[PDB]
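Participant: The lines below spell out each chain.
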Amino acid sequence: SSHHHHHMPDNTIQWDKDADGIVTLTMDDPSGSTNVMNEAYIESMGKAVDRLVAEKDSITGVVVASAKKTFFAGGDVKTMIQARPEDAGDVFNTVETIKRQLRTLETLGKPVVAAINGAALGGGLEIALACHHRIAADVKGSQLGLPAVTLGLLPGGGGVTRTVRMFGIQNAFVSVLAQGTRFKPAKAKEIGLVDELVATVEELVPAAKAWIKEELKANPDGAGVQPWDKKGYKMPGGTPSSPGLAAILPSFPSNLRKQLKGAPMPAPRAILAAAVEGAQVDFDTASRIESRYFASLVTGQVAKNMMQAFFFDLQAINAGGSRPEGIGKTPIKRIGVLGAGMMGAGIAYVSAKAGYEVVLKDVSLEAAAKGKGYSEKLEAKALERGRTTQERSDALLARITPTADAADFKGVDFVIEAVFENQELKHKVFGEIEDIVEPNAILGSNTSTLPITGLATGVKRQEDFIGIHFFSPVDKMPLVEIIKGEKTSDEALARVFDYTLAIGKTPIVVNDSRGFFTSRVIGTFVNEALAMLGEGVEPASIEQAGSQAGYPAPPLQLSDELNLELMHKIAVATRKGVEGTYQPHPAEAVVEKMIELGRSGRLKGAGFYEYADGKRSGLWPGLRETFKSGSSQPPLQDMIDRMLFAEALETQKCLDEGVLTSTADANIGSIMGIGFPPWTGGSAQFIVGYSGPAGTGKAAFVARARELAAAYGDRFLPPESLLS
Amino acid sequence: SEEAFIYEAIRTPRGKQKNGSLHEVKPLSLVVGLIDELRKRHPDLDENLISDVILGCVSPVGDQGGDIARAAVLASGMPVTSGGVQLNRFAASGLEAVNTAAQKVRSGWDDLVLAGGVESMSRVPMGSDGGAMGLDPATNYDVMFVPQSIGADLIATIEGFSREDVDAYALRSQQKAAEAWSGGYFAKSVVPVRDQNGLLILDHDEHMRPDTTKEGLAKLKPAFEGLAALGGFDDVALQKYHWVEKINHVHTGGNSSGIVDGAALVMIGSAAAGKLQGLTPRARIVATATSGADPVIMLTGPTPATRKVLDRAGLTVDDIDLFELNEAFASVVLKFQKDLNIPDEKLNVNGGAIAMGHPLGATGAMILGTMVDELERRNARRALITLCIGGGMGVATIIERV
Amino acid sequence: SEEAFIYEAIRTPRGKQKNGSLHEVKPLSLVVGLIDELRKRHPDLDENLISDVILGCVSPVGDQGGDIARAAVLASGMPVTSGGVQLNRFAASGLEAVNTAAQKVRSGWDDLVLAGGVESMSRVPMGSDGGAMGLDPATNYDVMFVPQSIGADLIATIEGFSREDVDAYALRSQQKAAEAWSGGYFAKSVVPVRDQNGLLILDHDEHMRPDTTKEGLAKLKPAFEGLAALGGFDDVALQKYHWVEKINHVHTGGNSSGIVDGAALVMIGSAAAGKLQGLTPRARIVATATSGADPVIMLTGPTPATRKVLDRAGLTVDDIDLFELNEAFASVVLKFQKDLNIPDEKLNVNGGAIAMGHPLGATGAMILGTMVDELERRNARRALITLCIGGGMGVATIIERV
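Residue numbers (this note's numbering), protein chains in the order written: chain A, 38 to 761; chain Z, 54 to 455; chain V, 54 to 455.
One thing to keep in mind: the hints can contain errors.
[Stated by the list, open to error] Here are some chain A residues the structure puts well away from chain V; computed CB gaps all over 12 Å:
1) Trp52
2) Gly83
3) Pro301
4) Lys370
5) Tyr646
6) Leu660
[Stated by the list, open to error] Simulated pairs of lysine-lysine, DSS-like, Cα-Cα distance not exceeding 30 Å:
7) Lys93/Z to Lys293/V
8) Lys93/Z to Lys295/A
9) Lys407/A to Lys370/A
10) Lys93/V to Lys735/A
11) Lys293/Z to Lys665/A
12) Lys268/A to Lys250/A
13) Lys93/Z to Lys735/A
14) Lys513/A to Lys497/A
15) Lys229/V to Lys328/V
Don't read these hints as lab results, they were simulated from the structure.
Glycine included, every Cβ here is placed at the ideal spot set by N, Cα and C.
From just these sequences and the hints, can you work out the full model?
Facilitator: Below is the structure:
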């Protein structure tokens, strides 16, 4: 066969043979700043590997190096996303050609060393895994891993096959492949993914050639031979035929199904199948089996959903897609958080973690001090797990300053209010610190339901009043919803945008509307669950539907966290505007019934679940008699689709009304803000990527919506903008 | 066309798993010993007329691989024309051997067939043969593989069988198997296993615990050995049975079938074949049926198979004198009794696998031979034998006394 | 009673052992590929009328363990009431599944039955299952265990078949196989194996060496693979056949069957069951038989099994239009041809396992499907399919075109 695709592109690899016979392949794709497994790379490595064979008599070792800041990162996502099912032959032959190059480099009869200088992610690590020795530079920003599963793919460049040969079926899957974990160079050496470390990138190539010179002298027979290519190789943990591994092997798909909660995420299933099926055969047959599973994923729809959301959409956002143009950067010196609840304390923690000086104000010093205790308990958790040092943990907490005096907001240039959800309270809270803070201080508000324009009238610098919406637990929720009031300037938008990236979170810019985007859409998700409960559907079936749809937490459990007293306030608020005659959601009757019974949520101690001591403990047994559960028994897929469509349809309304300005904001905002299932690619992508018994695409989405609308109500009727 | 009759039905005692008497006995020897007993009962039989030997075996590897049925034919000195085939339909392999033999006799192309099963679970543990449904992740992830002990707990949960309920049945099985032995019921059918020197190795069902109390059964812990305690399976089961919030794990080692060794043999022939050999027919095979139900719950197979074999024979529950269901788990028997509304005094009247053990490959042929004896002893007419099967299958057979 | 009819008989191509195209394919997938083909050919068939799936498998371990028949039913989305049982009668397992399927239909207790076999010898090698006959010295000593290749050499020694005689038949098999492929005889019945994506994996019997010559065959050496290079077996055979002084080792890798992977499926049902699903009956099962001969020679089994199936169908050798015997070893076919005086124009007219390979569990169903297609092509009436079996057994089936 061939090391090439066909039977035009630029050259990516630089050839250098030294007087000792060592060839240094230096990858340097001139079309970008990062080496990517594109069509140019495949051709350039094909020519390079052909030459390694032709000049084998004058070659004693190979060193794979890079000229960019990173080593090698990712594949050609612009092409993999266009692979139709009919293209399966081309996808197979491409990855087979990529792996035939690496296999030739790996069975060359001479040592090959990877000089890893930067991030070796995805295909880049697959290159280094094909070498006999891996040297990494312990520098900041360097990562190593195989994150194909996060895009709905699997490592098709030998990553599955080689990690299984190196660590066994169980260790490779759980620690490397299943979640696409990224490792720092120190951790990469510890688990056996890298062999040795060096201090600076300048020592890599010298250290690489030194190892080759030594390996040739100390190990003349085993030089350039991988452990799995030696006779008498024993896979760690055994093969599937080994009695030790066979006893626990049946529980791998059941454990995986427990972690995924029954969600239709096909990629982890495929990685486990490829991993095990490959361990039962030789290395070359295993690599071919892995190719077929890779082609199965790429030509499918979930991979297109996740490639769209977690590569293109996420990149467009981090690149400032929703950031106003022409506005420059502004530093932040002192953050002032009003209110020391779970939100304010979480806001104080994530800001102190990024390095900002935080002033945490409440109405009493006792209250503000408890708010800092949230950061202390979190740091004691990370100190016990060894994820931080005692010095950085002390410097973090020292940046948080609890207080109860409004005068301690002196020098604050970034206010983040997180007090009770009430307009005139927010008006008074801002009115007593707006004159103490800097004249250019951002006046942010963390309201969930109240319009930002209304809250802005309580300050005199309305151009700097803006909505900064966080999600609890702030330390673990990655989204910040930045609401633009009709007085908010573009500078205030960009300043909160840059603040969001600085604290390690992803922003979305949303125009001012009641409910915003996240609160409005997650409402429809929860309201669908309560409606089904009123209809008589079993509560356990509702929870199974939420988890099997792919949500991180089932919907009834989520209502207890949100507390029904908040939900009932939203219904009265959105109705007082309609006054007309209000058209209530069916869920409004269930909320009032539970509030009447004194079961409002986890905050009260009783909701749809029972709460003994501190933790949640099973559904409330009296729930079945109250709502006559078991009387309505719709198909599980109807329950799943009702929850997904309600949010997907509501998201499209936000796009039409102008609440959102891009589908990237919709997709990432729904995934990271309200927990929309990742396999959908976001609540906007769900429409174009819907697949069911009626077909696939937007037309299939409209038909399923109309079918749902006929059976469950006119709220599922698709908007005009989705039609032909 | 031809009617298929049962002429002989013997079995070995069932030796227990821990320090079992049959652990030193190769499974081939278990079958050869039963063939030698058939010869003792009919030394005048023309063995050339025997045209096949069909043996069930769920783990046909090692001592049980290589077509053990043919090995029995050769190792016992039977004619070389006697055939020999092994089959595996999980726990029903013993009864499927009998059913297939009956169907081969009906076709007219076989005249006199030996059927039965053998399973030395202490020498060849279950799962020794591997399998795609368990060890291949692609298909395991799809068929929602779940150990049977969890389907049994799920059955108890849906039907509302309590821990005391399944423990009550376990006690009944112990008392009835004890009364059956001490009453001499098994005296003619249980062939004691002896060594090459004639010394006695085993002559009774070791797994029996005749002095069992309801207080002792309650001290037991729910099942936590093997795949049941591995993890993930409870959540897998609930993903399909989504209306169930939590599984009530009621089955222990005292209300589940025991792991034992044993073998059974049944001689099946046409009326013309038996008359030509001087054999007296004991019972007639009336109808057979295989069917199934959901493979995640795995143990609801007996009901549609029993319902199907009752239609084929033109019969109802009122027409059947004895119901014999394998006691894999107590809730499977209680679920079956509740579905078809079986009276207590008709159901597993001589105790079951909870008391005497469940040698997978042989059990179908053992409880079949048990019903042949009890029909002749009680002077009753019909009996229905059925078993739950792994993967959600079911097999049922109706025999009539002659 | 009920007449059993063949409705569909398909098979995969046979992939070779060393660097085979099917090595990467799980044996469960080879069967599910054939079930999906039957759905494509008859999309409107009610699969709830399929009451059992019977698969032959000689080494049911690993990928082939755990009742691979039931795994096929569950993995292919068939109704959960469609059963699934694995049996093993060595090389005849594939044909035994068809026969038992046919006999289940005749009894009237089954409706519509899938039969066939599967064997991925490149993944699950021969002997992987162990076996008491060979791995137990007490049994191995008494019944004089001899590998099949030495029996084939002993057959050639007694009957007088020379090295050129067996090499002449080997060339005949390669030629008639290539002529069958060139003529399009196998176009409808060989279903190419594809992957999860629809890409082609194998579409032909890649073990065939159609450019075989007589001189090339004479250069090969007598069989030196496992179980033969080990000493003793030559003397063990001559201790029983004491009138033979010396065994003439004439069988090589060019006149013996090939180690291949493959699977086959045959759909069998009553005349009423097929009429209700709109199926067209392709052939009728007329009679089956099981016999046997000496186990040390191991391969003279098809001779009494063929005479028995002929006497049961009321037929003679002249009434049979096509004979199909499995080409395990050339001397077995020549011996069979010599004993019954079979004309060459009627014996393995499309080649055999010497050219196309011998997937132990599947071969019986594969050569049966070959004969249904050739009867329709020639417009002939009757075909007799028989196989030699390890341990000295024989199985034969007579089919008539409908």
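Participant: All the hints need checking, so say for each whether the structure fits it.
Facilitator: Verification of the hints:
no.	hint	in the structure
1	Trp52	34 Å, holds
2	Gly83	22 Å, holds
3	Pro301	17 Å, holds
4	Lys370	57 Å, holds
5	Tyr646	35 Å, holds
6	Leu660	33 Å, holds
7	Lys93/Z to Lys293/V	29 Å, holds
8	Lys93/Z to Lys295/A	57 Å, violated
9	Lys407/A to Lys370/A	24 Å, holds
10	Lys93/V to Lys735/A	29 Å, holds
11	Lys293/Z to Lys665/A	22 Å, holds
12	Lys268/A to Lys250/A	25 Å, holds
13	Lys93/Z to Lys735/A	78 Å, violated
14	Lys513/A to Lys497/A	34 Å, violated
15	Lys229/V to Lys328/V	36 Å, violated
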